[PDB]
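Just one protein chain is left out here, and the rest sit where they should.
Should a chain be cited, it is by its letter among A, B and C, assigned in written order, with residues numbered from 1 in that chain.
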Amino acid sequence: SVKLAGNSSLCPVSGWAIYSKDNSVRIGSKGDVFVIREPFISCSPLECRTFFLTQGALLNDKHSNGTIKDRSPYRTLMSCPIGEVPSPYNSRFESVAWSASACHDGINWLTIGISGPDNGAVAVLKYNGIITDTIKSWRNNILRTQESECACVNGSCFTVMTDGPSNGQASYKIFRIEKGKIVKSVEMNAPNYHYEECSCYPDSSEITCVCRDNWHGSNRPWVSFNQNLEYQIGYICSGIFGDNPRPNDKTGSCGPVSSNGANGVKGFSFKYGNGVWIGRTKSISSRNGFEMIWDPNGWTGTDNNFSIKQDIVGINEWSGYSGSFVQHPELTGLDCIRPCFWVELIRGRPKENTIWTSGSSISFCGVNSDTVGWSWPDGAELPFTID
Amino acid sequence: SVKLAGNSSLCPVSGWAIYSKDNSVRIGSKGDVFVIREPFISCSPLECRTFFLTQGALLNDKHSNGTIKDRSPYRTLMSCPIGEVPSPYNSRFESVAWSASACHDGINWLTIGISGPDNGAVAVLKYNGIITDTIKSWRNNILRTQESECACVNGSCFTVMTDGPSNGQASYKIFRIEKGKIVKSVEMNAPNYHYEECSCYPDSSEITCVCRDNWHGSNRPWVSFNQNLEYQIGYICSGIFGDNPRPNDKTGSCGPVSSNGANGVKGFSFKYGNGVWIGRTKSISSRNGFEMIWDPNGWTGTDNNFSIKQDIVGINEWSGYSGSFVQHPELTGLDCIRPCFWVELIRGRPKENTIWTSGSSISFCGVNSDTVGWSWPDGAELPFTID
Amino acid sequence: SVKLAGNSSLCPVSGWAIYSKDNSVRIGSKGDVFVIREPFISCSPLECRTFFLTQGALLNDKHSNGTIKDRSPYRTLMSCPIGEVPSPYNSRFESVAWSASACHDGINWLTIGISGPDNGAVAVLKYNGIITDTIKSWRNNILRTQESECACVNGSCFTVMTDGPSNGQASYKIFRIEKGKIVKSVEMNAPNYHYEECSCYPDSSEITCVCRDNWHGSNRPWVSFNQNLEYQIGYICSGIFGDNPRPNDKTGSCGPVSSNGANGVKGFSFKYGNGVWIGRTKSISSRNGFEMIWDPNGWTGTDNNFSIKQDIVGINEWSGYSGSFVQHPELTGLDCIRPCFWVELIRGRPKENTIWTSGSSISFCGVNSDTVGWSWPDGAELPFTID
Partner (left out) sequence: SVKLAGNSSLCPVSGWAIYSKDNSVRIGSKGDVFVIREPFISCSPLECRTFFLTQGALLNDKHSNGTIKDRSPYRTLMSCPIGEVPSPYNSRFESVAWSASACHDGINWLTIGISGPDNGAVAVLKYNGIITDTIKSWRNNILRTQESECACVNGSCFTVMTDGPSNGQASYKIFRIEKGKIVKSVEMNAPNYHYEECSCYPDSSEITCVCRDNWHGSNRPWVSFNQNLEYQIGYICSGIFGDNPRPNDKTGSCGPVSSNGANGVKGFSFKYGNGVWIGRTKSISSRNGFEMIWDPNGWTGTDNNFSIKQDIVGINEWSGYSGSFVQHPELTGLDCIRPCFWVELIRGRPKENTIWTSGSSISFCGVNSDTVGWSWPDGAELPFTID
């Protein structure tokens, strides 16, 4: 076992090849499948796993009732092999959690699970499944984290947490973690910015996080930092607006775009110099569709001009959260960090007539070979028997 | 593989971080989950497992009928990874048993499973799943043991067994076990004491057991011993009374507290010099709630004064048995033996209107970092379909 | 990996300690559990497994209909860890089979699965799951084998097969198998003997098989042989008659006891010089109860006098087949081959009002420490929903 280096740059990619699909909701009609949301993928140097927040309940059972609710003492962070349905028969228990992150440093898994009251939640950090640290809410207002993988470089792993309002100014901290122990943290000085649910990836020994402004931004905020937590902040400048909801595409801003800026969805993007690969919903107003868009000047430039779109989920189909995950050279044998992404396909409440909310997932990896657009949606027929 | 040393002292702890939650009863509404009681956790130098006594039946099936009953030829000791629901698809078979213990010496698992008639029960000891010894009832009155992990030091493991009445004087024996073979035993000379269901942990090469006085004590008895089975006995002196039922807190005794002393619940406590960490129910009269209390003078002093309470399960929620488990330095990389605990959350009979009784579990580990009180209860909605 | 020696003698045993119980039928009321019969246990130098003949169907499903029937193209030999219920989620596939045997030589598993028409059945031999030999019926009348483990000594494994009538003289062959290849066979010259379903175990470099005379013997036939297949034959002489059905105990014979001799049940016994440990049903007329009896002169002497009985299953409870299995020194660390046994607890047809027949299992290992009699029966409540 050797620590992941994380010093190479992101692989160049022309399109996105399909990597996995679990069909969780379709299978959970009959099989014993957890009610989940906030899924994400992360890889060790030997496998990729799907992590997820269960609701302590199965699909099509009465305890799925009320699962629109975000935070309870029943929620647990669990994981299973990528592409398999999350069941009690194939899932590893990770942590008690209603917000989470996880990543592998090359030697062992770090998991981060936040539970406890809204006014005093505690993140429990584990390394190889042993508790190695805790951090308690410093603003007493829903201490919360990425809902996607943390990022590792040279034996350290990194994450972002938020505490305070989700509809106004809050407080955002970056953490350096070594063998599950917090060895440094910094509070970002980011007045008028809003960071939620960051998608963070390593690139050339530094971390780049693309997050969600749930306050007053329909473009996405970003924070980038090196191993010592020296950080910079901005918003993606492209007029191909990344959040949901958002306005129609038009001239962008390098600061938060107020139009349709309140609310949001977890997302990601990958920076390539001045260019950006953006994943987003197809609808400007709800969690429908998914597409990947290459804007060669979109990280730093404000026009609404792009060079490539690839369809992922059709406009009339349900999408949800999305996030980055990477495959490092130690896993792939490549000379670059391979970028991949996942999409959560949310079914049930609030859009559909059910007692429950749950999701399935799809994922893709970036390649420089031929790809195609299509739609790979959830495919379950709702409502279910229990509804 | 190397034997666990067990020579370091208990880690200092300021609070209890949440470690696991299985949601067994909620999941067993639909999934194939064993009817269980008497769960406990124990760790090897590589993983922690949940051990439990099944009823040879699944939740929501007719064979769960009558599972208030303690002893039958259908009960088996099985185990699964911590935090996973106990199913026939993820559980390792250990022993035929209606009372049990288990622990790992650093090389292999010892399990102890008692079965047979009330007038002549036999404990079957296994090391790495091979039968290595038996011990038969010496009082012909329900030979029985810890219902939690045994404790290992320097290649030997240790347990306590009781035979005789549960409402009067009985007989209590301590055993030293090496590779599943009993190499020494002693009968404790403890007139007017009652020991049931001991929670035993290693600390500085000696074993400390905190047990249940089911006869006439609402504080908890203790027995401590070294590897040669030279032992001392007492009761926890604190007026923060540890058993359930019990009286309201008041001046304690270093002997059995007669008030509300009959009956009891399995529990634990950790000794730190003159101080004690006590886990107990919140109700004085039934198995409701759970809390951890630090009394800095409570091992040896009789006042009802404490310095720290942390809530675990709310007063209006069902609790049940609780027990110690430790994580040794060989597992954690620490310089001390880490104390942890589990709580059984009992659902069904006798408190609820069901044909069945079963439990889920929560667990916590001691840390010297920030923690919080909350309630993490079972969460199943009873009755079930089968009722 | 090293070949099992099989050169030590059988461990001396005073009684039988309980080793496993699966509760298959009770669990299969709800869980996904195979309809099985003809279970047996066998151990490698690392684990013990339960082998069984499935009916290609689950309990409580319509395809369990008609499972009184012995031979079909749907039956498969599968295995799972000892004490676990045989499900499609925990069972390894071994062979297509309606009669079987299996054993581990110290390096790999041999399995033997017989399938095909009654007039031309073929045994398929596999070593480490690769087909290594076949043997075809030589009498065109239900080629069939042990339904329990084969026996290994010094890199060779041994079994017995029968072809011809089950109610008259048939033909019986002994086979020596090396890495799944038949290297020698002999036809036993045994006029007026009947051998079915042999329970064969190694002892002092030789194999002893105790079988079932389904023709005209209520005591059990035996055949013993060395590695070169030089063999001797006899019947257990004790008047503690071993088969079911049988007469009440009285003076025995060293030849087949005609009284109630037609029909039978698979069984076993262990030879200790002139003495014998006999396992048998408690009823003389049906598959009810189980008990172990030590007769110190019963291998070679004809009196109905015994020195020890231990109860296993009560007289009013269903039993079924039973068989030997051993644990060699390479597994246990002992200086002798440890004798163990299993009992099949048959439920459904023909004794009960169901569409189906299936079994659960119990097992025990011989020890020289304290033991007790009891009853550990199946415990399912019939009929089931599907009936």
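Throughout what follows, a residue touches a chain if its C-beta (ideal position, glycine included) is under 8 Å from a C-beta of that chain, and two chains touch if they have at least 3 such contacts.
Only one of A:30, A:69 or A:181 touches the absent chain when the whole complex is considered: A:30. Check C:22, C:32, C:84 or C:291 against the missing chain and you find that the one touching it is C:32. Screening C:68, C:96, C:254 or C:284 for touch with the missing chain picks out C:96. For the chain left out of this panel, the touching residue among C:69, C:136 or C:250 is C:136. For subunit A, the residues touching the chain absent from view are 17-23, 26-27, 29-33, 47-48, 81-85, 87, 89-90, 327, 331-332, 362, 365, 367, 369-372, 374-377, 379-381. Where subunit C meets the omitted chain, the residues involved are 32, 54, 56-58, 60-63, 72-74, 76, 78, 88-89, 91-94, 96, 115-117, 120-122, 124, 129-131, 133-136.
Everything below uses one rule, namely that only the chains that are shown with their structure count from here on.
Our note on geometry: subunit B versus subunit C, Cα centroid distance of 40 Å, whole angstroms. Each of residues 89 in subunit C touches at least two other chains.
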